Amino acid sequence: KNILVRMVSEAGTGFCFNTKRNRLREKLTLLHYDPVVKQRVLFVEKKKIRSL
Amino acid sequence: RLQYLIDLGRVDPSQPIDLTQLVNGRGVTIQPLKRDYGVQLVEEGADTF
Amino acid sequence: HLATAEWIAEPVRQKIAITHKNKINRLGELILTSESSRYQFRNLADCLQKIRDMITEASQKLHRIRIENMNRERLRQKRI
Amino acid sequence: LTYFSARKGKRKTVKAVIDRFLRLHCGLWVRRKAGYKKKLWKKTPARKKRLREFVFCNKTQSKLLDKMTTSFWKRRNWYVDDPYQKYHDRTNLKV
Amino acid sequence: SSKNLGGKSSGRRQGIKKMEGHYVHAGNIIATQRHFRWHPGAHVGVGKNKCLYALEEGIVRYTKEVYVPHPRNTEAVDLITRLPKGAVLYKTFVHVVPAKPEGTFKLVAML
Amino acid sequence: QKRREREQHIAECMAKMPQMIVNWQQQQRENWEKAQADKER
Amino acid sequence: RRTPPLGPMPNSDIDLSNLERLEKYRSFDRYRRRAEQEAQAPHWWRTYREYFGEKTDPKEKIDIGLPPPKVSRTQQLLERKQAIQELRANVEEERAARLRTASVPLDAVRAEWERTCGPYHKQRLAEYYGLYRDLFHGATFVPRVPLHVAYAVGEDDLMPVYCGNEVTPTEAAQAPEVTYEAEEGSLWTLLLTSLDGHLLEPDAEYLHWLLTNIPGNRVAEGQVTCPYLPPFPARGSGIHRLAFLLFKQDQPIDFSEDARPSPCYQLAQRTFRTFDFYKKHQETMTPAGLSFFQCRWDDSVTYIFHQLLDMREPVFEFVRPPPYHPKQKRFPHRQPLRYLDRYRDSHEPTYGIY
Amino acid sequence: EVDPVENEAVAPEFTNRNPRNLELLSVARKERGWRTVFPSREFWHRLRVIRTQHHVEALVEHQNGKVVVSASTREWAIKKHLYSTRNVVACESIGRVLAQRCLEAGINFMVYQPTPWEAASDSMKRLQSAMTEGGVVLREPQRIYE
RNA sequence: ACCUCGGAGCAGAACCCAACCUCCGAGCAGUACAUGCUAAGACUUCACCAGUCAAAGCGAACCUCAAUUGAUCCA
Ligand SMILES: [Mg+2]
Ligand SMILES: [Mg+2]
Ligand SMILES: [Mg+2]
Ligand SMILES: [Mg+2]
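Chains as they are written, first to last, in the authors' numbering: chain Lg, 14 to 65; chain LO, 100 to 148; chain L7, 104 to 163, 174 to 193; chain Li, 94 to 188; chain La, 38 to 148; chain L8, 112 to 152; chain Ll, 27 to 380; chain LR, 34 to 179.
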């Protein structure tokens, strides 16, 4: 029903984090804290790792 | 350690001091087979040297 | 002695006086401390770095005190 | 372990212990928490930090690892920039 | 047969860890509880598993106090507004009476 | 050169960043508007 | 095993026969009022008030004030009421109240508050600040004379001392102007004392001003038994309390054992206790006014220490007790390298015999 | 030897007996806890407003329970200027009076703990506006733990 | 037939306590995207492994739930 998905930073820092989302939804776009640039930037869904 | 050796006379200050003089005065023990690369001079007792 | 320190220029000297009067003794000398090491070499280096930073800065709770001073002015407001 | 080798007649070392544990010269052993790189999407951030910690061992576990390793690993190593140089010794330890 | 399965869980080892009059330090857990048996009082914090820890260092004291819930707690406010007049609810609370002052003013310079 | 290329890429992304912040925020507000329209239906 | 209660149970006088008849709290506010009353009730079990509240002696703190003024309650309520219906007969008052645009004159409010109820509020705030505990050892008095004091600063500017504001010693360097309403033929004594600020004695205080034998409102014609010294709270010593004490004197009193000399710049000679002063002079005067304030360290205070008092300025700082850090184990079983850092002394490397 | 000045005898530990000393230094204890009940008792001074059916009472009180300052529509000094003692005009007037008395007493920071209906009520909003424009701040500064 | 985890009784009141003992469940879901970092002091399922709470601090703002899970190697 859900999926674990990897979202990378739009700051180009290479930072990324994994969340869960419903499989029937679209690609996630979130505002998450990026510790490399020390501020909150956009992250968007690039990959799906496994099914939840 | 260096001042102790100098004052006890095991190391001559009137001649240049190197690993040969330090080992001959037995202030350091060097084991090249145990990956030792020499002697590092550390800062303990810089106030009384 | 801060005032009779001819190696310090005049305008930076009174700037240091009015800035670090917290560290000026009654006989008119600046007193600086270092305790950050067990080597008096490094403590003296820290003291000299404090002197140098202090000179170059001359060359170049707060909310609480501000609000209390504004209220003090609000009580001050009365004219004769 | 091998108490007497067939070639040298000497006590041997367990390389699993060697590549899993670090021995400070004071007699302590440092290790990592099991499962610190597993299922971090399940694990909470406080739990993740607790798993990322470096921890010590029991007296019993330290004695077992001392018995499983030889005396070469118990020597004093004067490394160039060892991050455990300040941990190699005990300070203000009474009994 | 014996179609009853499960129920093999061990005891939780919960309860009081610091009784009355015990000297406590900051951060020491006073009590662990599944439900709110003992309530936090003065200088006693609560962790999200309803655990009680000492926010300051001093002496643990168990008292009995009146219970006034937060007006956003819906179930509690319903119970209060359904309580008859003249009745005051009581609960058991845990306090830490702090032993030391916050600090001292002492001489450091003679400028 | 590697550090300079990295920090230049970060600096470019961060120069472009606030406009993505504001347009994603108005896009999310538009998602909320379509959601309230659909639950008004 | 059970033990019967030592007193009445809390919800015991409520009848449990049928719960549908009894009237009910339908409001959190009503329950809150009842619960606060029950919390203020004494109770025979252990209480947060017992373990944390201040246990003062039930000595029924003695009044050493003036007798209260006498008023005729009947004509007082008559004039209060007739003011009420004349204001309720003014038509525009209804319009202002309903349109929520009315206002209130604060200066007149404060003046007749000083007239009517200001003494009791001032007494309560003096008790809160702890002058009756410190300066008068528990004894209370209602200050029945308004002691208006301001400090002349700038050329047009006045820094007042009402009942505990912060006044810097830059503003407190010179003598403040004092007025208090009075009649001819009544004697007075005014006193400025710094309670907190004694650098040596933790119990005694400092006399800053002892003006005595005042003929009336005129404060410039009294005996200057001690010159005014501006407050000098030490740096990092916190916030200090200074009190103005006004005493009604009926007879003249000689002040020879308490006469500080021509300029007296010695703290040992300026040591004071108001308790001993009023104990020695009790049958002579009665306190009627009180006005205190708070002070902090300043560059003025540095000036008063250095040039006036011939002193090296003391510096204090507020330091905390060291952290607990329990007894160090040889095998810290599930603790970190941070535990070893906790028990380390020096941050610099050591090499022992090497 | 240099003769020491008899005035220079200073104790190595100062004893400041002001009950407001550490509170104004922001190093004093706030009574933390009581997370399961209302109101929160982590403050130094508290504004409490009692709206009775005839009068509006406003108290500034310490955490121990002593009343610091009080201001009521029960008093003539407020009665003789109000049309009625139960208005938002009444609350605004008592707020301006109490704000003046708090500036006069030196209480600059307080914690006001209203119920939701209180805070939504127009009386308490005019109260808080009157206090803020009078000069007191209804949010205490944080304690300096370190 | 059962094998792991949790709740209630047995086990009435600090903790613990078995039976192919009596009942009920769990192998998730929902929200968020600071669900960031770090760090005193503690608890702990009777060992270990594992698990749990958390002051202060930096940086921001102005999680619910009972269980709801799987070590090492290796990929
Ligand atoms: Mg069971
Ligand atoms: Mg069992
Ligand atoms: Mg255990
Ligand atoms: Mg914190």
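Among the clues, some could well be false.
Unchecked claim - In silico EDC-like links for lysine to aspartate or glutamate, alpha-carbon gap of 16 Å or less: (1) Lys-128 (chain La) - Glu-64 (chain Ll); (2) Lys-179 (chain Li) - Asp-39 (chain Ll); (3) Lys-191 (chain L7) - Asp-183 (chain Ll); (4) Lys-112 (chain LR) - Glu-112 (chain Ll); (5) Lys-128 (chain La) - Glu-62 (chain Ll); (6) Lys-122 (chain La) - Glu-64 (chain Ll); (7) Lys-112 (chain LR) - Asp-183 (chain Ll); (8) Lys-143 (chain La) - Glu-46 (chain LR); (9) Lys-101 (chain La) - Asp-183 (chain Ll); (10) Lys-122 (chain La) - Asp-41 (chain Ll); (11) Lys-191 (chain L7) - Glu-46 (chain LR); (12) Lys-179 (chain Li) - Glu-143 (chain LO); (13) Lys-99 (chain LR) - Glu-153 (chain Ll); (14) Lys-130 (chain Li) - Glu-146 (chain Li); (15) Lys-187 (chain Li) - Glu-119 (chain Ll); (16) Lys-143 (chain La) - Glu-227 (chain Ll); (17) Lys-122 (chain La) - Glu-105 (chain Ll); (18) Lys-101 (chain La) - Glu-57 (chain La); (19) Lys-191 (chain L7) - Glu-181 (chain Ll); (20) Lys-63 (chain LR) - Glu-39 (chain LR); (21) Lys-126 (chain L7) - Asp-367 (chain Ll); (22) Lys-113 (chain LR) - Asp-41 (chain Ll).
Claimed, not checked - Simulated restraints, written as ranges between beta carbons of each label pair: (23) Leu-17 (chain Lg) - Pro-347 (chain Ll): 46 to 52 Å; (24) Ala-146 (chain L8) - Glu-46 (chain Ll): 23 to 29 Å; (25) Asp-135 (chain LO) - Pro-352 (chain Ll): 37 to 43 Å; (26) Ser-139 (chain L7) - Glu-283 (chain Ll): 53 to 59 Å; (27) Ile-132 (chain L8) - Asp-135 (chain LO): 55 to 61 Å; (28) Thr-153 (chain Li) - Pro-31 (chain Ll): 51 to 57 Å; (29) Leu-140 (chain LO) - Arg-145 (chain Li): 35 to 41 Å; (30) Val-173 (chain Li) - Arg-117 (chain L8): 58 to 64 Å; (31) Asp-302 (chain Ll) - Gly-84 (chain La): 40 to 46 Å; (32) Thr-85 (chain LR) - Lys-142 (chain Li): 51 to 57 Å; (33) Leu-17 (chain Lg) - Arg-117 (chain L8): 41 to 47 Å; (34) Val-173 (chain Li) - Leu-17 (chain Lg): 21 to 27 Å.
If you are wondering where the hints come from, they were derived from the structure by calculation, not from laboratory data. Just so it is clear, CB atoms sit at the ideal spot from N, CA and C, and this is done for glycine as well.
Right, here's what the structure says about each hint:
Of the pairs offered as hints, the one joining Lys-128 (chain La) and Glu-64 (chain Ll) holds, with about 13 Å between alpha carbons and a cut-off of 16 Å not exceeded. Between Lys-179 (chain Li) and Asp-39 (chain Ll), the direct Cα distance comes to roughly 70 Å. Violation of the 16 Å bound is thereby established for this hinted pair. For the suggested pair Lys-191 (chain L7) and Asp-183 (chain Ll), the alpha carbons sit about 7 Å apart, so the restraint of at most 16 Å is met. For the hint pairing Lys-112 (chain LR) with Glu-112 (chain Ll), the CA-to-CA distance comes to about 13 Å; that is within 16 Å, so the pair holds.
A hinted pair counts as satisfied when its Cα atoms are at most 16 Å apart, and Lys-128 (chain La) with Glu-62 (chain Ll) qualifies at roughly 14 Å. Distance check on the hinted pair: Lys-122 (chain La) and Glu-64 (chain Ll) sit about 13 Å apart at the alpha-carbon level, within 16 Å; holds. For the suggested pair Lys-112 (chain LR) and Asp-183 (chain Ll), the alpha carbons sit about 33 Å apart, so the restraint of at most 16 Å is broken. Pair hint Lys-143 (chain La) plus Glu-46 (chain LR) holds up; C-alpha atoms about 4 Å apart against a cutoff of 16 Å.
Between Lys-101 (chain La) and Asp-183 (chain Ll) the CA atoms are separated by roughly 55 Å; this puts the pair beyond 16 Å, and the hint is violated. Proximity of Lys-122 (chain La) to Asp-41 (chain Ll) is assessed by CA-CA distance (about 11 Å); at most 16 Å being required, the pair is judged to hold. The straight-line distance between the Cα atoms of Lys-191 (chain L7) and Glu-46 (chain LR) is roughly 40 Å, outside the 16 Å bound, and the hint therefore fails. Proposed proximity of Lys-179 (chain Li) and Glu-143 (chain LO) is supported: the alpha carbons are some 15 Å apart, at most 16 Å.
The suggested pairing of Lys-99 (chain LR) with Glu-153 (chain Ll) holds, with an alpha-carbon distance near 9 Å, which does not exceed 16 Å. Among the hinted pairs, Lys-130 (chain Li) with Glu-146 (chain Li) is consistent with the structure: their alpha-carbon atoms are about 12 Å apart, no more than 16 Å. Proximity of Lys-187 (chain Li) to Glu-119 (chain Ll) is assessed by CA-CA distance (about 82 Å); at most 16 Å being required, the pair is judged violated. Our distance criterion of 16 Å between C-alpha atoms is met by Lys-143 (chain La) and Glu-227 (chain Ll), whose separation comes to about 14 Å.
Between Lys-122 (chain La) and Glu-105 (chain Ll) the CA atoms are separated by roughly 41 Å; this puts the pair beyond 16 Å, and the hint is violated. Between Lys-101 (chain La) and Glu-57 (chain La) the CA atoms are separated by roughly 13 Å; this keeps the pair inside 16 Å, and the hint holds. This hinted pair checks out: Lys-191 (chain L7) and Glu-181 (chain Ll) have alpha carbons roughly 12 Å apart, not beyond 16 Å. Between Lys-63 (chain LR) and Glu-39 (chain LR) the CA atoms are separated by roughly 40 Å; this puts the pair beyond 16 Å, and the hint is violated.
For the hint linking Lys-126 (chain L7) to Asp-367 (chain Ll), the alpha-carbon distance of about 33 Å lies beyond 16 Å, and the restraint is violated. Taken as a hint, the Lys-113 (chain LR) and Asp-41 (chain Ll) pair is broken in the structure, with Cα atoms around 46 Å apart against an allowance of 16 Å. For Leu-17 (chain Lg) and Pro-347 (chain Ll), the hinted distance range of 46 to 52 Å is satisfied, since their beta carbons lie about 49 Å from each other. Checking the proposed 23 to 29 Å range against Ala-146 (chain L8) and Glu-46 (chain Ll) shows it is violated: the Cβ atoms sit about 46 Å from each other.
Our hint of 37 to 43 Å for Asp-135 (chain LO) and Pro-352 (chain Ll) holds, since their Cβ atoms are close to 40 Å apart. Taken as a hint, the range 53 to 59 Å holds for the pair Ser-139 (chain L7) and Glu-283 (chain Ll), whose Cβ atoms sit roughly 55 Å apart. Separation of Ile-132 (chain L8) from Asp-135 (chain LO) is about 57 Å and conforms to the stated range, judged on CB atoms against 55 to 61 Å. In this structure the hint that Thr-153 (chain Li) and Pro-31 (chain Ll) lie 51 to 57 Å apart at CB holds, the actual value being about 53 Å.
Evaluation of the 35 to 41 Å hint for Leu-140 (chain LO) and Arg-145 (chain Li) yields a pass: the beta carbon distance comes to about 37 Å. Taken as a hint, the range 58 to 64 Å is violated for the pair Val-173 (chain Li) and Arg-117 (chain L8), whose Cβ atoms sit roughly 28 Å apart. Look at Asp-302 (chain Ll) against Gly-84 (chain La): about 54 Å separates their beta carbons, and that is not inside 40 to 46 Å. A hinted range of 51 to 57 Å for the beta carbons of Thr-85 (chain LR) and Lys-142 (chain Li) is consistent with their spacing of about 53 Å.
One distance hint, 41 to 47 Å for the beta-carbon pair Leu-17 (chain Lg) and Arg-117 (chain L8), is violated here, with the actual separation near 28 Å. Range check, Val-173 (chain Li) to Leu-17 (chain Lg): Cβ separation about 42 Å, and the 21 to 27 Å hint is violated.
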